[PDB]
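Student: Listed here are the chains, written in short residue letters.
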Amino acid sequence: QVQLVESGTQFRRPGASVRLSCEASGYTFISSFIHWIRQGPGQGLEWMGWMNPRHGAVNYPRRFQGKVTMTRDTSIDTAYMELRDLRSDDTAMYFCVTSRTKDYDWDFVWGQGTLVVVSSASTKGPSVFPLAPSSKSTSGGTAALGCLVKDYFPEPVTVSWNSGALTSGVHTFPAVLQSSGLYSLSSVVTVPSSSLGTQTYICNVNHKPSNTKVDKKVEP
Amino acid sequence: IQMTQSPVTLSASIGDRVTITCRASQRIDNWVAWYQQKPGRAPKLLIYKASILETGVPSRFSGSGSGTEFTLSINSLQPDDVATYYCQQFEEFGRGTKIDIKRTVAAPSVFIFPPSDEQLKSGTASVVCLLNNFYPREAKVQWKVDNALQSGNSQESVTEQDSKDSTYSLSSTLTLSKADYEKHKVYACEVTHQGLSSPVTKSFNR
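So the sequence lines, in the order shown, correspond to chains A and B.
Residues in the first sequence are numbered from 1 upward in steps of one, following the numbering used here.
Residues in the second sequence are numbered from 1 upward in steps of one, following the numbering used here.
Certain hints may be false.
The calculated label-pair distances, taken between Cβ atoms and stated as ranges, are [what the hints assert, rightly or not]:
(1) 100/A / 117/B: 54 to 62 Å
(2) 58/A / 186/B: 53 to 61 Å
(3) 63/A / 78/B: 31 to 39 Å
(4) 2/B / 179/A: 46 to 54 Å
(5) 185/B / 63/A: 45 to 53 Å
(6) 100/A / 7/B: 48 to 56 Å
(7) 1/B / 142/A: 50 to 58 Å
(8) 14/B / 2/A: 28 to 36 Å
List of simulated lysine to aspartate or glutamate pairs, DMTMM-like, C-alpha gap at most 25 Å [what the hints assert, rightly or not]:
(9) 38/B / 138/B
(10) 67/A / 92/B
(11) 217/A / 151/A
(12) 44/B / 46/A
(13) 185/B / 46/A
(14) 178/B / 219/A
(15) 38/B / 151/A
(16) 213/A / 117/B
(17) 44/B / 90/A
(18) 178/B / 151/A
(19) 164/B / 146/B
(20) 124/A / 118/B
(21) 208/A / 160/B
(22) 136/A / 117/B
(23) 178/B / 146/B
Worth flagging that the hints you see were computed from the coordinates, not collected in a lab.
For every residue, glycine included, the Cβ atom is placed at its ideal position computed from N, Cα and C.
Based on the provided sequences and hints, a complete structural model is requested.
Tutor: Following this line, the structure appears as structure tokens:
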């Protein structure tokens, strides 16, 4: 089986550099080119360059020249791509790639991907704010309530409602990475407005990277 | 060369035939790859040389075309086929087509949330708009403060297609300062979705 195994997710501060490795197995490493590809969050694929394992020959697209460097350790069959002068928009998933087809370098077998997050942030627990139910958040006999989990780093956080008793109508949205370098997300749930009087709603936010746990009662 | 894909989004029922189109500007292409990518995972090679299947790929997948136009087709959609598809020519990829499982059109339930008193203490005020259980995915959210159009101070996020009822939900967050928040009165998000005959506006008075 052809396999490319890349390094774990990296966290860097703007201006720093990142070095990514790609371990090849299941084929003759020298035989085919190694490419690197990046995916912006919620975005398409972008080719970064190719490298010849045999002698280190390199080809880069116009955009990445002088910001990317591709190298190689033949003795261990491992490829490298180093990225420098990292910017917030360098936050993406990076893939080392090789071509299975003989005589052609463009049909790809993909590595699991390496997320590189460029942020000046340091690990930080979230602030948890209630999204109160009101006249504004009530349609038919249905009300909506939720939690704002703002300014935490890094991913992930887990959100449950009433310790897991409430799951139907719950929506936990994908985190957004803000310009501050911190993440933010919201979690909502829709409930019968009739229950606002009696049933208590508690959101449970757990952020393991900072051992932060917060139970927030959401009242009308 | 440039590759343009269609449709941007593809909404089909299970068991239906599906066709994805990729067009090449240069006009001289005999080699073309297709890929499938699912949320949170690496791409997987499906087709290369336009019409050739990768080993281990189901017979329902076929590719065709010569010159400028190429197509990726699924004979009978399997629930496992629901994902983002990419075509490729050399270093260039198409924008990607997201196969989405179709449900009858449903209009969003729109909810709006004022900033918490607790957040105001921080010095920043967040206004939140919820777009609940809607289909199709395409939805437009506009933020208005005292009827003034907001731009670039909102961020939004969308859930994956719900496995039970196949709707989507959207959260839009309007971010203001405490001071700016208190300099104005009326806060409103305007929702446009094809399931709504005209835009629905949810608002509140500070």
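Student: For each hint, tell me whether it holds in the structure or not.
Tutor: Verification of the hints:
no.: 1; hint: 100/A / 117/B: 54 to 62 Å; verdict: holds (59 Å)
no.: 2; hint: 58/A / 186/B: 53 to 61 Å; verdict: holds (58 Å)
no.: 3; hint: 63/A / 78/B: 31 to 39 Å; verdict: holds (38 Å)
no.: 4; hint: 2/B / 179/A: 46 to 54 Å; verdict: violated (31 Å)
no.: 5; hint: 185/B / 63/A: 45 to 53 Å; verdict: holds (46 Å)
no.: 6; hint: 100/A / 7/B: 48 to 56 Å; verdict: violated (29 Å)
no.: 7; hint: 1/B / 142/A: 50 to 58 Å; verdict: holds (51 Å)
no.: 8; hint: 14/B / 2/A: 28 to 36 Å; verdict: holds (32 Å)
no.: 9; hint: 38/B / 138/B; verdict: holds (19 Å)
no.: 10; hint: 67/A / 92/B; verdict: holds (20 Å)
no.: 11; hint: 217/A / 151/A; verdict: holds (19 Å)
no.: 12; hint: 44/B / 46/A; verdict: holds (16 Å)
no.: 13; hint: 185/B / 46/A; verdict: violated (44 Å)
no.: 14; hint: 178/B / 219/A; verdict: holds (22 Å)
no.: 15; hint: 38/B / 151/A; verdict: violated (28 Å)
no.: 16; hint: 213/A / 117/B; verdict: holds (21 Å)
no.: 17; hint: 44/B / 90/A; verdict: holds (24 Å)
no.: 18; hint: 178/B / 151/A; verdict: holds (16 Å)
no.: 19; hint: 164/B / 146/B; verdict: violated (39 Å)
no.: 20; hint: 124/A / 118/B; verdict: holds (19 Å)
no.: 21; hint: 208/A / 160/B; verdict: holds (24 Å)
no.: 22; hint: 136/A / 117/B; verdict: holds (16 Å)
no.: 23; hint: 178/B / 146/B; verdict: holds (16 Å)
Hints 4, 6, 13, 15 and 19, counting from the list given before, are not met by this structure.
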